[PDB]
Amino acid sequence: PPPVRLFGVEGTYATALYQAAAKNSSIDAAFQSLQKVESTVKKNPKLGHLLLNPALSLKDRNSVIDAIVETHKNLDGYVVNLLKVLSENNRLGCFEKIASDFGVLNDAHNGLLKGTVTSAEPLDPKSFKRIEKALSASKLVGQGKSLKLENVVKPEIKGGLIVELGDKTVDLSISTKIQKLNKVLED
Amino acid sequence: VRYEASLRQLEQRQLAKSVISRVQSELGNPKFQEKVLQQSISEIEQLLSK
Amino acid sequence: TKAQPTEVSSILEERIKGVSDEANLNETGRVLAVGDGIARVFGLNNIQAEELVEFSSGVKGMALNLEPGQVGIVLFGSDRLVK
Amino acid sequence: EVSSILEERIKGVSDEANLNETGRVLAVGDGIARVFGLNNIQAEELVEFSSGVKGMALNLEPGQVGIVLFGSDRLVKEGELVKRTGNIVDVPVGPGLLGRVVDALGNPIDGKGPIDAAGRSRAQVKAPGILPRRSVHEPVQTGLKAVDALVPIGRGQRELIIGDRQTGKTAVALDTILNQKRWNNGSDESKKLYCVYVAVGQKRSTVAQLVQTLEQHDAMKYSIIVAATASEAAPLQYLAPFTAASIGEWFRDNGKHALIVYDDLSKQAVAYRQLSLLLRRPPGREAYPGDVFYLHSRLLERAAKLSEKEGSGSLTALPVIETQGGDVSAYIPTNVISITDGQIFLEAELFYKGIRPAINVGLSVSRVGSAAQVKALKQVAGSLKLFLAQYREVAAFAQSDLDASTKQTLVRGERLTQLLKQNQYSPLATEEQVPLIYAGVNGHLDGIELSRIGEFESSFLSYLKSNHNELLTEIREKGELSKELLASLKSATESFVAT
Amino acid sequence: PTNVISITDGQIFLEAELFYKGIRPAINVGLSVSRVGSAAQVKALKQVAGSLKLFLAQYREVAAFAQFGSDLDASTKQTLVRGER
Amino acid sequence: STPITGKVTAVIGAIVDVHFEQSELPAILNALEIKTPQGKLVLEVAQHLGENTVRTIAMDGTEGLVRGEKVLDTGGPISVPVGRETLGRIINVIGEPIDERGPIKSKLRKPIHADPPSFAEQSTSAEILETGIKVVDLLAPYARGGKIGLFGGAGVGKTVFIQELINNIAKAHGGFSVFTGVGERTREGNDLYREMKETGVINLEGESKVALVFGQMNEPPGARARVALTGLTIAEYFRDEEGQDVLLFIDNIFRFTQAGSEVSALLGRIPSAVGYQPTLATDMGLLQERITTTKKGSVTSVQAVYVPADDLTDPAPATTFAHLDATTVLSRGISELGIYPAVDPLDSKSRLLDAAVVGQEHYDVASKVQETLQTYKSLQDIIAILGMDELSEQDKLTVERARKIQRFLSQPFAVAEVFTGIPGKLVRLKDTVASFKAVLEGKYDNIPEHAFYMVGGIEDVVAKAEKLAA
Amino acid sequence: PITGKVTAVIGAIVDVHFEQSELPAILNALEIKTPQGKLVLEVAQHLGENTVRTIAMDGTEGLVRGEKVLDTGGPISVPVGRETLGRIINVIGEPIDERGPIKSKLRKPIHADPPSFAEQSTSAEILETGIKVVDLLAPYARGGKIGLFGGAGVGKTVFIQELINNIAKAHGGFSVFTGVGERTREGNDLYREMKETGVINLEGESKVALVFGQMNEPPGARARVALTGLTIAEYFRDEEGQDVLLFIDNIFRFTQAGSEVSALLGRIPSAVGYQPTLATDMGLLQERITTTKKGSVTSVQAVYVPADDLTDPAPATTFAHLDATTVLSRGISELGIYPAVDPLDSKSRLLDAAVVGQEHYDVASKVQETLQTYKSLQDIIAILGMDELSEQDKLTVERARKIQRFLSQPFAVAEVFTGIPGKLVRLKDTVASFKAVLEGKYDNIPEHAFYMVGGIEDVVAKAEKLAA
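Chains as they are written, first to last, in the entry's author numbering: chain O, 7 to 193; chain U, 158 to 207; chain B, 3 to 85; chain A, 9 to 407, 410 to 509; chain C, 341 to 425; chain D, 6 to 475; chain E, 8 to 475.
Source of the hints: derived by calculation from the structure; they are not laboratory data.
All residues carry an ideal CB built from backbone N, CA and C; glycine is no exception.
Some clues are possibly wrong.
[What the hints assert, rightly or not] If you want a taste of the chain O side facing chain B, the calculated C-beta under 7 Å gives, among others:
(1) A26
(2) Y84
(3) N87
(4) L88
Next comes chain O alone, as it looks inside the complex:
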């Protein structure tokens, strides 16, 4: 079965969509349409995102689907079969969730990886580049896979860095070292 299996419902949907469109080898098309519909949900911010709430019927839901393919009939069609399915299963609150999840699967198929450099403050671009280079250089990025290394600001972590990718982290941060230090002086 296609690489990367995202456990959990709604990602059971994503997995299905992913695997189905991988076997139809039209993942770029799917992804593109998913971005577009995700965008048109976001760009229908009231009265089409604020009515993803359940309350509507099956029959009222069907007319929501019709409105969705009315906004742009540039949809892939496998994702239109998915839209019907989501209507029938009467969930669409986790629609963009499924889209995001498909995105993870898709960009895994592309090979793209995401990382993180949580810090208390946004670091040098030099630091960003050096780490991206380093990670690509290191076996940590296997290559044939890319790194969107994202520094995030988490003031809660005081100074430091934590490099993250592939569920493998190196955490050289001041807070954590301080924790161990405080503890060693409680002895």
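Starting from the known structure of chain O, arrange chains U, B, A, C, D and E on it as the hints suggest.
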């Protein structure tokens, strides 16, 4: 002897709260900035060794 | 939240794949998860209640629970036979 | 200096390398963190949270790994990094743990400094098989006359100390530990049982008493107290006998002898119950977890008298079970009773009737029993078993017009019962067990007044020591009573009775 | 029942057998207790009923002995006679 | 990060789940205040359910709540006020004065959760309280720093005993005491407040050698659970920061177990045996382990326990039974015998009651009492059918002695003047050992059986012999 | 090539996710290569989506989700043969006797269908048992389940040993002592004893084959040990024709084990916490055991009744399967009688008159009536005095004490242990012996000439020797 041991525990706890004061001083300094660079280059060395 | 027989990934994948006429399944089924001497079969849409069904594995069972989108057969025979 | 020790400690921190698998807590409730990450986790592996809390991973679920926090829930919080220690539960084992009161992690809770240990061995190590054992043939004397004669205790064997709540159950056990000092003092490794007392769910106040009594009787120098106190959390409580067993296994592996006293598995049961119910694992009988039989059986089968190919060693064990209203019917008692090989059943009524040890002879059994009884002691106490048996039957006849035969039984029986009273926390050497019982067997004690039995006992012993400590030394060293010794002993008793 | 018993200041247990025995109200005196106790009854009535509780309890104890058919001495039968009345 | 605010999502009962806003993560065992028309409702954070939705337990009654109501986080455990300014004030669970003497002047505050002192730290000595209550003194003497336990069931004159105990032991000992009432009736509450104002222990002018924390059973199940925890911390302040020995008193600790059982259910945990919480052991353990004598103060808890349906084999009393150092059982049967104290002599036991501890003489006298009574109990079945004249001659004297001893245990209470009229007799410890010894020796086996009833020591018995003689 | 990755290890219930169209069947055996050798998991559900749910037979310690799994393709196949005689074999069919790899020709699945109705033997026939007591008052039967009752303290082990010897003489059979959840301590003793009594003689030939199930083994392996043993028996019976007798140890521990596996599988336990599959699990075990045309198993089981309760469901289900009960007692052993069989409590349901022959039935009935009366007489003989009771009564007492002694047999197996030459008595001669005693033809011969003797022929000798 009993009071001597008690006094040692008390001294250690006095110095413990003094350590908290030093921690606050350290996090005040732009050593807070400069050591981020230290962590960065050290991690470059670490991650390259992987 | 919930799980449905259509949420089962093989079922789900066929529906996405456009196919939904789903062979002769509306009078035949193909077994889903099985064990505990009861089997949950997908299809059998023309099943009568308490019908006798024959599994292709040389065993027959009586449909007991006709459920939304699934039928839960009860196996009259050894578990090992059904898969 | 206080400065120097602190300076050493700060100096002892320095650098790190890649944290192999992070986790992020998804939800933490009830000490059951459910973690997203830890992809390659080993079953029941030790994992370290951000808070420094340690955990085990009892449930490895299809997308979350259900860590069980060893610590308090307060310290852990959602989204925490969950570093993977990468070492399945193992505890230091070695020789240095003697005289060290350690908790389950092995951290000295008495601050007797870093453990000296020769290995860290897993606490899930599986027992020695059928052929890796050789049948019991080595006594362990407990210094309690009744235990040693009525229900003789061997090696590698297991017998319950199953009895009513807070009848000073621990006291009956503690006495055994004290008697091991005599044999311990000797140099022969044959004569060395390195006892391990496993305090499960026991309040820190109790452990303070334990510590002081053991120190007072100088017992610490062959004792280990594995301590899982009441406060200590349900993972620790669960793993506490398992951890303890591993320590025992090291001694056993060295081919030495040792006695591990699990007190009480009833609190172990409660901990497993807490874990399972909180982890939503299928519940079972008497609201004890479904696999509670499996837990108790795993622990209790570790105890083994090893084979000569495995250079005969032992790990004698004495599980303690606390009966709730004396109900042997109760699920946790029934299971343990089945698993064990013998039971000693202390009885509250007897305690109240001032018989201390309050062991109820009827409900005490040994299934290894007399196989590992001292030969001397065996000789002089076959009679004793039968007399007491009769005394029990003729007990109800103690209400007037009573047959001479019944009255004979009663006199002999009452005196014996009085003789088997002992002041707890004073163990009695086998070389002094053998004379006292001989007297009773020869019924010379029947004549002695009931009130005077206590006085008689000490006097007989002092008299024997004055009169002929040569005989006593012979009894100790030969260990087998020759006809000449049995002759001399009868004479000695007669002579003593005369004074 | 367990929950309520803890909550309440007294319990006034009745017994079915005593209803049939013809004690109406069928109050089972031994199981009936008042935790808050006397300071809510007439002073006079407190005086008269001073040993009434004790007598009834003694009657109960005696009654048990009486049904084991053991020979009853006159002192026991004073209790018994008082108790019956 | 955004200002710490939570929106209620579900009030399902006491359990009220709040939906804190993203990236601010409240922590397990924090304290939330929700501004309400009636004070600030306190919710104790007890689980994280992810997505910044916490599940919290209420401490004040929950009604009228509107899903979405802004929730401030005061963080960490509920913070009480502590001081010697808490002396002589009744402090409700959240910490507000319910003694209505206006604001309690807070010196320091402390969390209501604190980890029990470690084994190395915990230093416990054996020292002996003198109760002056004869049955207690001989057959289970109490010990300073202990975890004394007033086990009893329904209506064992539990309050009467406690009133006597406070009257004797509390007043007698210095230091501090802390009177904590967990989930008890407002009838009992009003009496306890009044009685200790009356005895002047709560001296409204001058310091009171006691503080009060009254939690009553009208309070929500949640509030009932953490009232105990609250009280413990007041004692800890005394133990630690004031250094003084504490004579803690809690009432009734079955209510503490019971309360915990309820919020387990509400927390949605799978019910354990006889519906009790699966966390029962660790919760009981946490409370008891926290209560101890340290190298600083010596906290001496005296804890009432209510034994449901006089079955002490029931897991909740039985679990408590282990953790308490110096048990006292008050039995229904003994109450009916009219013996006040209603302490059952056979079942009362205290760790200190060993010759090496309480002295050989004390031990020997008590050994004679215990055996005699136990023999007497054994013979009762025989006596029932067969009669007195079928037993041994020795036994017949033992029965007569046992009957004399049995009613010697009835030593009037000084607070049962109020309930009845009997004047209490506070009989000294040295004297009590002496008084029991004499009877057993048969030195007063010429004195009638009924002259041991409802009187103090031997001296009182001789006087009472004269009273019967006349 | 059917391989899958472990995708859960919640408890000892390990869910394995298999690659597509390569899905094991229910009751397949999966082997996970481990540093513990292998871990054998048995597929007991299919959870669908190409995932299964399995149970474990070895400890599930340090498993990593992502371990490679290999599918055997069906129930564990355990070696069988006369080769496998005298080998202690663990549940997974591997030597734990440590005398090296078991040489074997064929291996056979541990689950096996119970013989068809066609294969059933129309009417049960007696299985000769050297113990005279067994053959008089409660005969064994080929096919049958005869449940030994009363644990060790009756010389249970020697009795079990005696039976092993007897079957080998009786037919030529073999045996397999299967011990279900036996204490490892007891197992050591049995192996040592069996070696000593030469029933197992590794150097020589070993009648009994051992399957020992230690309590340490996980509940799943505790449940499966019995079925494994049964397969071995079936190879002897069906495929070597030899009649065999398959002992089971506590069948309580069979039930107990089954209850756990159910609970682990998440199936709601039934009344008194006994598995919902309680009837079926005993049913599979106790109908495989039967009388085939080829051969016949006969099974002696030990029933450790739980808390001496016979109305508990585990006993009730057990009693349904049982055909006869041999009730060893310690009282009997205290009357110096080894056999320890309690004659008045031993009962068989194949004691039936038609089945055992009318003459045999009548002889047995007389001996039973005599014993029943003897017991009642001994009650009042003690109180009243022997001579203070009828001439007719003391004729009965006289007759009885001789029968009581006549029951004693010095066992062949314990020829070594006691030093007394063995006695194995043939069925015809058992009937003959009691007939003669009933006609009191030897009711001249003193009581102790009957103590520890063999057949009628034997006690002629003893009468002469007693005089000499």
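Each hint, compared with the structure:
1. Satisfaction of the interface hint for O:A26 is found here, the shortest Cβ-Cβ separation to chain B being roughly 4 Å, below the 7 Å cut-off.
2. Given hint, O:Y84 at the interface with chain B, holds; its Cβ is 6 Å from that chain's nearest Cβ, closer than 7 Å.
3. The beta carbon of O:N87 comes within 5 Å of a beta carbon in chain B, closer than 7 Å, and the hint placing it at the interface holds.
4. The restraint placing O:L88 at the interface with chain B holds, with a minimum CB-CB distance near 5 Å, inside the 7 Å limit.
When the structure is compared with the earlier hints, no violation turns up for any of them.
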